[PDB]
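Take a look at this single chain in structure tokens; it is the form deposited without the ligand.
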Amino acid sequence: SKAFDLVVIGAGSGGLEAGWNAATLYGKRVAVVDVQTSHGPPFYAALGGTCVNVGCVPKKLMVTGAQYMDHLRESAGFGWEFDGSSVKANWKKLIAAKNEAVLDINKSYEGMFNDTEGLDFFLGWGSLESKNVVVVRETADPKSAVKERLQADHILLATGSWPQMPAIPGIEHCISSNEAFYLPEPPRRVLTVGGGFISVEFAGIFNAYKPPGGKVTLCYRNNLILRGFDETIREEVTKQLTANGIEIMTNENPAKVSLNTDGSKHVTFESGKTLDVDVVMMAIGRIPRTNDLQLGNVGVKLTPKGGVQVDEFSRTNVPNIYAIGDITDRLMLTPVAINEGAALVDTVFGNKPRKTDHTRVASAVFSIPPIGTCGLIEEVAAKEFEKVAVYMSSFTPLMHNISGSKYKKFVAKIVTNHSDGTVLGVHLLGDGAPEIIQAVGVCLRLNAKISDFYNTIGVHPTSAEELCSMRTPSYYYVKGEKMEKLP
């Protein structure tokens, strides 16, 4: 048995921020538990978390790789010549480079633990034995061999989320993003199921690395992908994915999957349509990872949707037990989990309570081309405010008239409270959008108005200067109803 100020279950984005801050900033005794010391099968996530191992970090490297399909074609308009028939995309090389980068990160976290006073790592599966006891077992089975018993003044639940798999016949013949990161070969025909960012990002990755004759299809059960993003941008990215050879099947949903004699999969949709593919990747959602924690031993309350219930300071209903990150089933982003972890420790072990602000969080989609966004979309703003103005700019940049990718319209939209000019949301589609949006997140914390943007001098030539060139609304929402002019 061992005694600690804080025990953290999950060595992920939020859990490591909390543990490192508690130990080094406040001199507390910290233990952190995770199920694997490095990335990949069998548990996929590991020391460092989902983002490091099977999330933001590797997917961004793979999207960067897929972008070269466009760069090689687009170079020709600027005078670059080479033998186009010799081009091939080596997926095995991509995966190996990615594996080496992730493993390097795994190892550096290992040395962080070895080098930091009061910060200890334990390998295994953590669960709640009692209000102040965390048990670590050999496997997820609550009857496997006990490896450690950790006495804890404070306990932090930070186990993340896991892919949601629908209850359809043949679901066992589908994969999730976890397995996609380790496919031995790039699939020639693949169906990505879902309208969210993971489905869209992997569609672009597979589209660039598919062997000759390949085809990527994305299906989504409703009418328009990327629910929760700006509607203009949802429509445009649909158009631009289609322009690069991806087939978008909206209003379609798999009803069953069966095995073909050649090893491929036969998908039947609810509509009766059918599609044969080599890989079916389900990306329909991620759900809080609560089942192995034995929350019933202590009575931690869950919400109806399955998250651990928390107040604004990450406190559960059980004193001294906290939860942060995807397990709270709110904003599933790595920088939000980190922010929550730091606020938690500042509150518990320092003399200044802090709560994370979940509004005006900038985020991105690394689609090809990508999205950057911060704040409210117009239809959400129109329910909170009597008068909303939308400023819009949408055009193909000069360089893509030369590159030949004339479909690559850049979209920039600013949403305001028209009563006082306050910027409520900014939404971008196009090369650079994730980088452009970061400092917009800072602007929204300075009560920036549309006139603050338009009165700033532009940097020229950039896509970003469009944000400082919009003076006149394109249209409005009054009492919730869209209209081109004010009454």
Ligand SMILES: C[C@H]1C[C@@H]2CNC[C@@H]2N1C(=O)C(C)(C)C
Given for the second form:
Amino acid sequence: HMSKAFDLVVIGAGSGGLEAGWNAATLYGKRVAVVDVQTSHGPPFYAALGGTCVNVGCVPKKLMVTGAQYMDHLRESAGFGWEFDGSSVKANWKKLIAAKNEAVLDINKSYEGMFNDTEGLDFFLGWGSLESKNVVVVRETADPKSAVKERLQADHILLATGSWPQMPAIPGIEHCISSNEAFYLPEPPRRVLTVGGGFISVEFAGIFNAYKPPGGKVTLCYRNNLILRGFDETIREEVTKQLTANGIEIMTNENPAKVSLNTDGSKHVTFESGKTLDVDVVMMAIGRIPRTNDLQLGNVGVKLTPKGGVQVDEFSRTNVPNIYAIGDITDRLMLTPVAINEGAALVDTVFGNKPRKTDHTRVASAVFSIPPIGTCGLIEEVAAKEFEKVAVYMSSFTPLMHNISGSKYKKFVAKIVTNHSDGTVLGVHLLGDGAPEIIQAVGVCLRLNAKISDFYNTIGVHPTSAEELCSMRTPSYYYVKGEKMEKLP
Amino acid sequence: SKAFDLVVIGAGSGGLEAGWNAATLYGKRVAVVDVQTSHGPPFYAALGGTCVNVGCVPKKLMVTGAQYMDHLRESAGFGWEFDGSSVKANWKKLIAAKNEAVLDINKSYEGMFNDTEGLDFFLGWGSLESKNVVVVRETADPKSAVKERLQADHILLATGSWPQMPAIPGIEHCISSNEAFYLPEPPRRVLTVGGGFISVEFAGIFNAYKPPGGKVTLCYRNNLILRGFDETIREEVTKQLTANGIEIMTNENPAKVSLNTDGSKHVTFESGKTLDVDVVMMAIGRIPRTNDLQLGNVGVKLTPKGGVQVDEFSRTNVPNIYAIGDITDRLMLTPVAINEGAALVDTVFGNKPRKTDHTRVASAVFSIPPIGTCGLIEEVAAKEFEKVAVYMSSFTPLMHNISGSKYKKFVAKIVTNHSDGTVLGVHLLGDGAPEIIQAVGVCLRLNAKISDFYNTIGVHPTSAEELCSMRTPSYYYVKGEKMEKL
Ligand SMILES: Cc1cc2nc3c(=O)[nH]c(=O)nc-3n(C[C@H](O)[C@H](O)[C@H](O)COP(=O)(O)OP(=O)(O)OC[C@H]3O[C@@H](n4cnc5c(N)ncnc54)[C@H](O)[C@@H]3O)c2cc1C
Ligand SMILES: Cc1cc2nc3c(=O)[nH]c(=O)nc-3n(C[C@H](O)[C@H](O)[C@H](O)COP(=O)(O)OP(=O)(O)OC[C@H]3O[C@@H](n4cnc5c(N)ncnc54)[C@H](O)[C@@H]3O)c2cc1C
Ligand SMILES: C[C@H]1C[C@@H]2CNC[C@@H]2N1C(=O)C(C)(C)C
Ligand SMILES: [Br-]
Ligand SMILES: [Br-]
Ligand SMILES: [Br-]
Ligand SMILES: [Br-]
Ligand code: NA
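Show the same protein again, this time as the form deposited with the ligand bound rather than the form deposited without the ligand.
Starting with the chain above, the whole complex follows.
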């Protein structure tokens, strides 16, 4: 049996690696090999063909947030005249998970079909690692002593193995799970603690809160004062109030010290503060780390950053000439469309002789919390460090449908941050139903260097939440040499 | 007799922007006249305008209400269980809630007048007595009792529009959108007449709230509803309305209506077909509301269509008389009317001449599912440019394979000047389309090109990200003819 030769070998058939592989083969005629550990979603390895987003990430989680939103629709319909037996209402978690599994498996099979079909785009099942500068080895397991399935010769090698949930070293960590297992729980937990203040912990808290059985309770804990570091502070505070208003307990300044099993098998969580909490599930969502350890990068000398990701330049090159890295393995912005963009830019540069580098600024993104967040660009405290004078335009209003729905607590917030010197928009931050869909074209605006007056000159679509972005023209306050103030001196 | 810098006839969308801006931004003395202080019969429009009282605001609420019919059914695919036969749609509760929400806005507009210097409200019917005098009478009758005589350095006409009713025997047995907002009972069988957004939106409303055994029909005299919108989208929304139980009668037009012994209506079409319904709602158009203004006293000119004639700065033929909003018979939208008012006040009372841009205006249809659009449809662009590209995406989103509403295709279309890639128009159909389109209106003011959309990183997973993944045209127009290749 002979080794096989390729122009590009890709390790990891995920968001970035599939984009790079498809494009190299179909746009430029190269011969491409792509490696992944599993052909379809779920245990044992969770991620598989298609990547983390497709299998245990954006796609399943957005289906489950959608299912969770119906708790709000069913209740809110009554303000509009809808009547039904409220006592008969049941959230069937098994049906949600079965429907999600089926949709995900369909994408798995479609990816498998593409490979079986496409000229010069080949898939290989196993664990890829770097043997030498121009040879990828595929093994049966992650252990480098497991059996060799293939050796793939490669002029160019792309590292795109993604990331993995981080678990803290606490007594009883064996009793906790991560988001990977959360996607496959047989029954919805009566009491669940989600640990962490980031988007995964928040999104999952909203899912569990809608499907909990009668008498259930969702608790989110975070070790610092305010959840969702990195997002707009006004939105960080309002999303907390609205999560609380939907029945979620948010324990800030609290962090688990240990977990033990009660005699009945529930989990007994003890915090550093000495507080205790009994729950049926502890889901850790405290961060995600790049998957480097299994690539045997020492064999060829690929440098990692102090933080732990593969070091790359603006064109995704490592310190080894023909070896590249994109996506979550670079431990920077962990979003699917960034990985896809890096994959497309790398292939255009290397094989298309039209060079191009990914713009990591002004990336639009969303949090699918209930209610959701949309954001593009800088938060005000960051902009205030870089610009002499920053203006902040802010509109916070209850939409009219929530005058009737009951959920008067569902304020919509729109904020625009500018360079007050010339009116250039530095960032837009939104909270409320529709915010993820609204922000997308805001991203095109910022790539076109929109000023606040381009937003204000635009005639609104009425009645919408989004029209409030186009009717703001006096700042609510300023930052002058970093000092917040209602008025300019 | 009382003196004023500006007299505004009509306390509506454009008339209230212009009034308040004149008073608080330039310290002028302002009087605003309207026939009614809150919504509903007898005059329907009132303080706040058509949009507030019998337009965008109540219809958005009621459309929101009609969407729960789909939410209740779709929730099953995501595991939601409940007693489906226990479900009923209480129309009176909807109307009652809508009435209170509208009244709250009526009252807030009242306090605004009581709290603002140089801004007074007058109840009654305003008309032009002489070139600098506005009269307020008790009724629309030009002989009713004079309540006030306001003299104005400047007069602003902003009385909006009113439903058009065709001259067919039995028209008096038909209603318009005005009365639909106040029907005591949701109609069991109803015919909505017209292809425009009002017919289409109310059809979706009645369809959700109809009692058991009910049926909504929409008829339209030509072949395809929603003239003026994208043609792919007119065809799709027809299909998706039909999938949800609404009968679309194209190429049919009522010829007479008559009263049945049980109180229902018998409709005869020009084709000879007949239909018995409980309600016939005419939605065939809205016409400028000029008749009660006594424009003949001062000689304000009307275009042949009936709009007050204006220049780019809202000036009539009579100096110091202006007209904005639906009475100029142009784009009949609330944000256009507001923009027109503010530009007028900036020009007249500030040192800031300003005209409204009537191009690239984003707007929406709150049909189920809804439409969002900005700029040119492909066949209009094909008459203005030699080379036009059309980029298109249309599929059922994943969630609606699970929900079971698999007919719910999302459609996104981008129209470019292929010569330089400049985006001329964007057209959307599907949940969220009215919200997605807003910032697209901003992109078109920066002369975005298709490559600016495609080079922007997408938000995943959303419907909106489809707009940033279209690289290759689906087809083209060259010298006005449609073809798939260049
Ligand atoms: C719960 C959750 C929700 C998320 N939601 C969103 C969201 O809403 N929007 C968004 O933009 N992003 C979201 N993300 C992030 C998104 O999933 C990632 O940013 C994206 O998948 C990273 O793409 P990538 O190409 O770097 O790697 P991945 O998509 O992770 O693909 C890497 C692949 O490599 C394989 N692999 C690993 N090691 C090896 C090896 N040695 N040999 C062979 N194959 C290997 C893995 O099995 C995997 O398939 C979410 C993530 C999580 C965990
Ligand atoms: C059913 C319906 C739904 C709509 N939905 C939308 C939507 O979603 N989005 C959108 O942008 N547009 C919508 N519109 C259009 C919008 O309502 C109008 O474009 C807007 O109200 C026009 O504003 P205007 O300033 O011209 O006058 P209006 O807002 O109509 O105000 C005119 C006012 O003048 C008063 N008046 C009339 N005659 C006299 C007189 N002789 N003396 C004194 N006062 C008088 C009236 O009572 C009224 O209050 C809708 C319209 C309708 C009918
Ligand atoms: C509640 C506010 C703000 C919402 C966002 N834009 C539409 C909604 N509103 C209004 O249109 C009124 C007329 C009530 C001001
Ligand atoms: Br269940
Ligand atoms: Br401005
Ligand atoms: Br018609
Ligand atoms: Br037609
Ligand atoms: Na609204």
